[PDB]
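Protein chains: 2
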Amino acid sequence: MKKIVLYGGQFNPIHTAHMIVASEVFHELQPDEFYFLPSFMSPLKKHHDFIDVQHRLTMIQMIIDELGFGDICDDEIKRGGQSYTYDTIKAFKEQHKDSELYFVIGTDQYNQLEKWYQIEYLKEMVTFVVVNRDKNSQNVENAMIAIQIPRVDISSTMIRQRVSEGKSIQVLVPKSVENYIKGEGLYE
Amino acid sequence: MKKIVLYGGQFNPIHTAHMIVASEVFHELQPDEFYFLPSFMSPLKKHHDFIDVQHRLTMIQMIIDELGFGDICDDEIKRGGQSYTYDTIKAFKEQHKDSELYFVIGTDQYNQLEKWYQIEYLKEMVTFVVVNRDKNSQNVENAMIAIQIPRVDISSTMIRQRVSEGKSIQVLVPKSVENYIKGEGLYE
Ligand SMILES: Nc1ncnc2c1ncn2[C@@H]1O[C@H](COP(=O)(O)OP(=O)(O)OC[C@H]2O[C@@H]([n+]3cccc(C(=O)O)c3)[C@H](O)[C@@H]2O)[C@@H](O)[C@H]1O
Ligand SMILES: Nc1ncnc2c1ncn2[C@@H]1O[C@H](COP(=O)(O)OP(=O)(O)OC[C@H]2O[C@@H]([n+]3cccc(C(=O)O)c3)[C@H](O)[C@@H]2O)[C@@H](O)[C@H]1O
Numbered sequence: 001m002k003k004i005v006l007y008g009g010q011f012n013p014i015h016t017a018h019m020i021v022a023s024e025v026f027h028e029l030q031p032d033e034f035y036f037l038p039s040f041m042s043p044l045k046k047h048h049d050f051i052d053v054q055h056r057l058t059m060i061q062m063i064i065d066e067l068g069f070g071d072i073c074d075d076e077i078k079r080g081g082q083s084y085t086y087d088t089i090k091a092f093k094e095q096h097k098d099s100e101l102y103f104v105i106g107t108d109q110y111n112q113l114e115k116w117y118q119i120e121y122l123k124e125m126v127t128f129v130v131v132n133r134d135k136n137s138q139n140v141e142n143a144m145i146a147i148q149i150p151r152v153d154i155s156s157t158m159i160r161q162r163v164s165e166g167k168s169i170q171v172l173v174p175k176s177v178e179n180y181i182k183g184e185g186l187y188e
Numbered sequence: 001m002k003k004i005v006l007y008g009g010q011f012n013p014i015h016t017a018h019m020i021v022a023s024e025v026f027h028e029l030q031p032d033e034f035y036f037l038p039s040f041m042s043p044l045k046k047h048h049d050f051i052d053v054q055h056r057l058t059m060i061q062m063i064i065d066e067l068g069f070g071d072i073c074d075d076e077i078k079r080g081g082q083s084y085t086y087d088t089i090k091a092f093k094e095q096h097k098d099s100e101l102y103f104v105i106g107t108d109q110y111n112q113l114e115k116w117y118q119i120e121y122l123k124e125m126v127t128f129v130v131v132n133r134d135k136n137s138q139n140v141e142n143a144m145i146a147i148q149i150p151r152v153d154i155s156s157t158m159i160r161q162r163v164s165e166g167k168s169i170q171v172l173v174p175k176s177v178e179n180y181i182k183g184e185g186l187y188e
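Taken in order, these protein sequences are the chains called B and A. The numbering of the first sequence is PDB author numbering, which starts it at 1 and goes up by one. The numbering of the second sequence is PDB author numbering, which starts it at 1 and goes up by one.
Hints are computed from structural coordinates only; laboratory data are not their basis. Misleading hints may appear alongside valid ones.
Unchecked claim - 16 Å max Cα-Cα, derived EDC-like pairs, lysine to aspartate or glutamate: (1) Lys175(A) x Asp65(B); (2) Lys45(A) x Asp108(A); (3) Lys175(A) x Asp65(A); (4) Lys135(A) x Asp134(B); (5) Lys2(A) x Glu100(A); (6) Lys175(B) x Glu100(A); (7) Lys3(A) x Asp98(A); (8) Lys97(A) x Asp32(A); (9) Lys3(A) x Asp49(A); (10) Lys135(B) x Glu114(B); (11) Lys90(A) x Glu124(A); (12) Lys135(A) x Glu124(A); (13) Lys3(A) x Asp71(A); (14) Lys135(A) x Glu184(B); (15) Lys97(B) x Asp153(B); (16) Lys175(B) x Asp65(A); (17) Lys135(B) x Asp65(A); (18) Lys97(B) x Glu120(B); (19) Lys2(B) x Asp49(B); (20) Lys167(B) x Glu28(A); (21) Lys115(A) x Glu100(A); (22) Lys182(A) x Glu165(A); (23) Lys3(B) x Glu28(B); (24) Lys123(A) x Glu100(A); (25) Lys167(A) x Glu28(B); (26) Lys93(B) x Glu178(B); (27) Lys90(A) x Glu100(A); (28) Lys175(A) x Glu66(A); (29) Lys175(A) x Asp134(B); (30) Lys135(B) x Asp49(A).
To be verified - Which chain B residues stay away from chain A? Per the calculated CB distances, all over 10 Å, these: (31) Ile4; (32) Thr16; (33) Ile20; (34) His27; (35) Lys46; (36) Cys73; (37) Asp87; (38) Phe92; (39) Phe128; (40) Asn139.
All residues carry an ideal CB built from backbone N, CA and C; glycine is no exception.
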């Protein structure tokens, strides 16, 4: 019964397009609970030798403050290693047995779901909720939920690139995160 | 000598994509002055019988507050009628002689510039500054300035549509404007 949405990501940094995704999914699905799920290391992505956790968590909190909804699921941070969603979900479900689970992904992940660890099992444990990225609409199978959002081509990679360049990131991230990135010297 | 940027629009409402445009142009061009230029009636668009001025100006000021730069130019509001850019610019430059004038437009306006009133004269009075809309980059001729922004498919029409149907507009406009629209019962 009780509807729980988890929204997974590197969030390095979280940005305005992540907010649009969270907001649209949350307003459409009206879940009982909404979790931003920051990875320790996102499978299929490269990582630095040192994995920042604290700056990422702080900026996520800033998005929660601005949105007026949400919580952070720290499971993957605590676990460490490669953050396979199957493992996370198996353990999370054990702790939330009376709840229907939703996992929010964009087009880019949806197009490579066959590369996800234990995906045949994972498809049985969550309802994937897919938002359009780099296109204006996404089609999904009946077992999944497609949510159409205004197309906004912002990435975390874009944010880090601009900052290292010395290029402004105003609006692309909320003012709180912009000031935080600047005061902390992130990505410089 | 001093650089003045005017950014023209219906701004009904102003929204997050408009802010991204303003911010990127402002940071790239570093002008001495930046004006949001709300039209009374933008040529080549339909209007209501009653033209709201108060609500639109209030919401533009809210954007200026968030951005930390900019001013409103009320010329077209004061003048009334169809807000032909040629007439506005002719009157504005005689009040700001010795200033280089820049006029910011998106792709959709650039593609129909030939339909603008006295465009052959206008092309001689301002430097058009063109941002990509509904694509990732815009090519322009040497006389104009192309500015690449992250593609963000938000429109004023989208905001009004969502509001009328009772759909959330969170993030698509800043929180101030979101609250203002709902508080004042705009667009429903
Ligand atoms: N502008 C935009 N418009 C619409 N959607 C946007 C977006 N920017 C990011 N997104 C989406 O938001 C999310 C955050 O992006 P980013 O931080 O790059 O995504 P990333 O962290 O690489 O992956 C998102 C989630 O999928 C999980 N995953 C991925 C690959 C394999 C496996 C596995 O277990 O084998 C698990 C990963 O651990 C995380 O929980 C993504 O789902 C992305 O598609
Ligand atoms: N998401 C987005 N990404 C990038 N750009 C975006 C955008 N949304 C709006 N825009 C751009 O921002 C601006 C505001 O949009 P909107 O409010 O629809 O634009 P609109 O008011 O229709 O026109 C923009 C300006 O052009 C002037 N104009 C238009 C047509 C004819 C003539 C004439 O004199 O004959 C003059 C008009 O008076 C105004 O100052 C536009 O330039 C639009 O292209």
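Hint check results:
1. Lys175(A) x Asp65(B): holds, 12 Å
2. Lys45(A) x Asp108(A): Between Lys45(A) and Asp108(A) the Cα gap is close to 13 Å, so the pair holds against 16 Å.
3. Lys175(A) x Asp65(A): holds, 12 Å
4. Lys135(A) x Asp134(B): holds, 10 Å
5. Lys2(A) x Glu100(A): Holds, because 6 Å separates the two Cα atoms, which is no more than 16 Å.
6. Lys175(B) x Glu100(A): Not satisfied, since the Cα-Cα distance of roughly 31 Å exceeds 16 Å.
7. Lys3(A) x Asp98(A): Holds: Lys3(A) and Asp98(A) sit about 9 Å apart, inside 16 Å.
8. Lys97(A) x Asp32(A): holds, 14 Å
9. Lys3(A) x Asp49(A): violated, 36 Å
10. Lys135(B) x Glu114(B): violated, 21 Å
11. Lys90(A) x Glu124(A): holds, 11 Å
12. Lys135(A) x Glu124(A): violated, 27 Å
13. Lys3(A) x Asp71(A): holds, 14 Å
14. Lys135(A) x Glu184(B): Judged against 16 Å, a Cα distance of about 34 Å means the pair is violated.
15. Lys97(B) x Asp153(B): violated, 36 Å
16. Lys175(B) x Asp65(A): Between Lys175(B) and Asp65(A) the Cα gap is close to 12 Å, so the pair holds against 16 Å.
17. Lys135(B) x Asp65(A): With a Cα-Cα distance of about 32 Å, the restraint between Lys135(B) and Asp65(A) is violated, given a limit of 16 Å.
18. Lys97(B) x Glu120(B): Not satisfied, since the Cα-Cα distance of roughly 20 Å exceeds 16 Å.
19. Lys2(B) x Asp49(B): violated, 39 Å
20. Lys167(B) x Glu28(A): holds, 9 Å
21. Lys115(A) x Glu100(A): Answer violated: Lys115(A) to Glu100(A) is near 24 Å, above 16 Å.
22. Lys182(A) x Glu165(A): holds, 13 Å
23. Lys3(B) x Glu28(B): holds, 12 Å
24. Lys123(A) x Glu100(A): holds, 13 Å
25. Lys167(A) x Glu28(B): holds, 9 Å
26. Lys93(B) x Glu178(B): violated, 35 Å
27. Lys90(A) x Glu100(A): Roughly 13 Å between the alpha carbons, so the hint for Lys90(A) and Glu100(A) holds.
28. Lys175(A) x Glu66(A): holds, 10 Å
29. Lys175(A) x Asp134(B): Distance ~25 Å between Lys175(A) and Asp134(B) Cα, so the pair is violated.
30. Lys135(B) x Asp49(A): violated, 37 Å
31. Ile4: Its Cβ never comes within 10 Å of chain A, the nearest being 20 Å, so this holds.
32. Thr16: violated, 7 Å
33. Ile20: violated, 5 Å
34. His27: Check fails; 4 Å does not lie beyond 10 Å.
35. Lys46: holds, 23 Å
36. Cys73: Non-interface label stands for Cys73(B): nearest chain A Cβ at 21 Å, farther than 10 Å.
37. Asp87: holds, 31 Å
38. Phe92: Label holds. Min Cβ-Cβ 26 Å, cutoff 10 Å.
39. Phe128: holds, 22 Å
40. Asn139: Per Cβ check, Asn139(B) is outside 10 Å of chain A; nearest 18 Å; holds.
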